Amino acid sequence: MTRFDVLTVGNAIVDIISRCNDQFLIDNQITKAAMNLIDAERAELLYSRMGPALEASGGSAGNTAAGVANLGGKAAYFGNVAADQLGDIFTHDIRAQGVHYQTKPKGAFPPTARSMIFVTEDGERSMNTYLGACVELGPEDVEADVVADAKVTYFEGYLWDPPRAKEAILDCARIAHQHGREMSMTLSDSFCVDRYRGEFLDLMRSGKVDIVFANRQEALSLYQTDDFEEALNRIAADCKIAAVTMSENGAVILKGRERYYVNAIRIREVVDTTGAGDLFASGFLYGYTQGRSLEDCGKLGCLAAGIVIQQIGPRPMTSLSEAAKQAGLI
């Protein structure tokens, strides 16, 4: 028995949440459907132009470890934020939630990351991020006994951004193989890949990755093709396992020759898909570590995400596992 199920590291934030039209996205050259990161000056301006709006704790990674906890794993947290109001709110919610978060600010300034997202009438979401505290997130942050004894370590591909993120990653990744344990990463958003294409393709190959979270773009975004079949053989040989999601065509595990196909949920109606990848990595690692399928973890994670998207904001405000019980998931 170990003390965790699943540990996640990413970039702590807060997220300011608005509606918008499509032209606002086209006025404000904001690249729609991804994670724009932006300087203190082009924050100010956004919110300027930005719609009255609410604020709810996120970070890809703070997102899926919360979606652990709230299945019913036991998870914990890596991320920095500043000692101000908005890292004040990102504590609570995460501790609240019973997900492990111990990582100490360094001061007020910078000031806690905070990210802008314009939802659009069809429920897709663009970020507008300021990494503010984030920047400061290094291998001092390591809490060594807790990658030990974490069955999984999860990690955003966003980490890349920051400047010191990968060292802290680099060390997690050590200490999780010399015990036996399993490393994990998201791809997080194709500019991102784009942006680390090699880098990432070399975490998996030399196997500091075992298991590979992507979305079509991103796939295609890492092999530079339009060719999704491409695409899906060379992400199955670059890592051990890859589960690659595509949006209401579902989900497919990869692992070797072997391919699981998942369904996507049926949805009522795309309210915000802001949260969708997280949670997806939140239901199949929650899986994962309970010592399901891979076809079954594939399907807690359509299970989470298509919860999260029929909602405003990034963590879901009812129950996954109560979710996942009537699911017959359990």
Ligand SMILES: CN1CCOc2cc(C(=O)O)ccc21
The other form holds:
Number of protein chains: 2
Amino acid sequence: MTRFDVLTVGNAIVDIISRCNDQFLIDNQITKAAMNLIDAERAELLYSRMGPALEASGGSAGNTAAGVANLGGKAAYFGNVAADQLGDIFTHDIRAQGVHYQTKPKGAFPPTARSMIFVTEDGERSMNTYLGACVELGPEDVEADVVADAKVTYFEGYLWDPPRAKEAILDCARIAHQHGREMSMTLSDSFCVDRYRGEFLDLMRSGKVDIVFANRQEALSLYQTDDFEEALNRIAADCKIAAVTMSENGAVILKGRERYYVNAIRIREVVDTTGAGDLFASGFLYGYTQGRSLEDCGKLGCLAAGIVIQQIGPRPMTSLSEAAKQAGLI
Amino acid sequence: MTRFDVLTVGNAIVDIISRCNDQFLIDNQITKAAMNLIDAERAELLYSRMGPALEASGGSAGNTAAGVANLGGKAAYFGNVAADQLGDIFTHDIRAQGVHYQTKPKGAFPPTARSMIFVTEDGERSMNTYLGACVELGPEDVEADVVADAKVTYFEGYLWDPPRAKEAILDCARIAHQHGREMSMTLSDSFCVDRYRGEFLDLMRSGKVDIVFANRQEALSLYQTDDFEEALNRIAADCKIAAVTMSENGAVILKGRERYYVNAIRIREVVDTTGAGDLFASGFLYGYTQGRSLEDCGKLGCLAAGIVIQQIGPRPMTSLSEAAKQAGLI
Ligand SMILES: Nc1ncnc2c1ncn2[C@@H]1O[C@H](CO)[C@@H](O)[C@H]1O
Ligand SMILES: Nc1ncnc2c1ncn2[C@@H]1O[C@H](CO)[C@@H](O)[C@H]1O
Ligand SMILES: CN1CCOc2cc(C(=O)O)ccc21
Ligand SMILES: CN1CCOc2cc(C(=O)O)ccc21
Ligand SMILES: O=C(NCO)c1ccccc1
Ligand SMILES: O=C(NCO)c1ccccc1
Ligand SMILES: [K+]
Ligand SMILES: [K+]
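Switch from the form solved without the named molecule to the form solved in complex with the named molecule and give that structure.
Next comes the full complex, and the chain you just saw is listed first.
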């Protein structure tokens, strides 16, 4: 036995969520469906134009850890907030879900990261992220005992944006692999992939990453191709296990020459896609750490992702474990 | 040609919202369906026990102002926040709805008020409010020109808990009445009524308040009776216009010997009752300041209340003006 099923590492962020029309995105030069990095000045400008909003703890990896705990697995999280109200909210929400979270704030400034997320009528989400305190995450925040005692350590491609987070991840990869654990990453966002293409490919080919999560767009961006079949063949060659999502088209899990196709669950209405990929990872990694088949892992991922897209906010407000039990996935 | 239809005055609060079971309330000695005042230590304690949460700008009168603006009316708000992130959230949300909000924070401590709101399976809401910076609201926060130029100034019975807010209200009553405007209050909460019964009756009988809002429980509390018919007779005698809500049983508007009953809208499913009374007042006061019949004011109130209880959070995220137009209430 160990202490954690899944440790995740990411940018600790509080989400500020509002609905908008398509024209708002155009007028403000926000790239639709993407993660748009912004500075403090731009954060003030955008907020000044944003409608009344709702706040909810976010962070891709944070959502994933919360999701694993929700399903009934044991999760931990590394991510850096500030000693401010947003940081206190973030700390509370993740710990209240039963996720181990012990990353200590270093002061009040820069303030806790936030992302202004604009949800259009089609349920698509466009994020505008000021990293704030996230730029302070470094090797000093690695709890070596946690990495050593976690079955999987999972991290965001998004961590390549802040300056020193990657040093923490390399330390994690070493510790995890010396203790016979597995490393996982998500490609995060197609533009993120574009910024760090060579570095991501090296993480996979050097074996620092064992399990890779991607959506169609990210897989296409990784190999700079319009040919999805090429992207699948290439990704299977570069990592031990790849889990590739295709929105309403479900997912495909790849391992060597094996391919496992899973359907998306039936949806009432696409309310807000925020957190879909994160929760697919929750479902998958929970399944994986419970010794379930790759196909069943995919099924648990699709169930979790389908639930989260039918609510506002990135972390399911309902029991995923109960949903799994009812769906016959247990 | 005046500047505002409705000025509201209340405790400026950010809500921290979570689901719980009935037993959570019993175990923590939280009075179900009530506003429970709490100190800083208890706020820390309750939060430590609360599950993952959502944040949304609240404050009864704040919600009411936002509602009036959403309907298409001209609103203003007085309420005191701190110079902190919660205060920034509050300031943004109310101003973004198009409500005039210019109350200046006085510093960072006490911090901005928050209410931990626990929603049970039945959709009932139990609030646990730390007043924080609200204790600093006083006469110095009265924008005299705003009161003078508002058709109605509406305020919370809740304002009787902090120490100096009542002085600001008396000042408002003088300015409003000297400029031929009307004053309105909500009785807020049945326990609040119990704390300030004599004072509230005085506000009505002295004519400092022209229009009173109440639910069944508050009206019963005000006259310390189990007889609702007696409560209706007495309240009609004590104020010029009374608007009494009865949840699923609709509302009754009283003026002298006149009574106007209004049906409640048929709900799909009650999600969260937070804000129902606040938005009834939005609808009523929007109608009233547009010169609409008392019945039509009640209709607009019930419409707004019906919408807000079908969502999480106290301020409708959908267009009330569009809903009113579709309803022929225009
Ligand atoms: N740069 C970023 N790094 C990590 N997570 C992010 C970033 N920008 C937005 N997010 C998170 O992505 C989540 C949705 O996948 C949101 O909850 C949001 O907080
Ligand atoms: N003491 C209080 N004064 C004014 N409003 C309050 C108080 N406690 C809770 N509320 C607000 O009541 C609203 C619901 O009517 C919530 O949005 C919450 O913020
Ligand atoms: C998704 N998007 C983000 C940033 O730039 C991109 C480049 C390519 C490509 O080079 O083929 C492909 C996709 C892509
Ligand atoms: C409002 N509610 C809660 C607090 O105290 C109350 C007292 C009475 C009463 O005195 O009859 C009636 C109701 C009541
Ligand atoms: O610390 C807070 N407020 C002022 O000290 C706080 C903490 C968590 C959530 C909201 C506010
Ligand atoms: O002030 C803010 N952040 C830096 O502390 C702020 C303002 C509004 C909403 C969230 C954070
Ligand atoms: K969502
Ligand atoms: K509500």
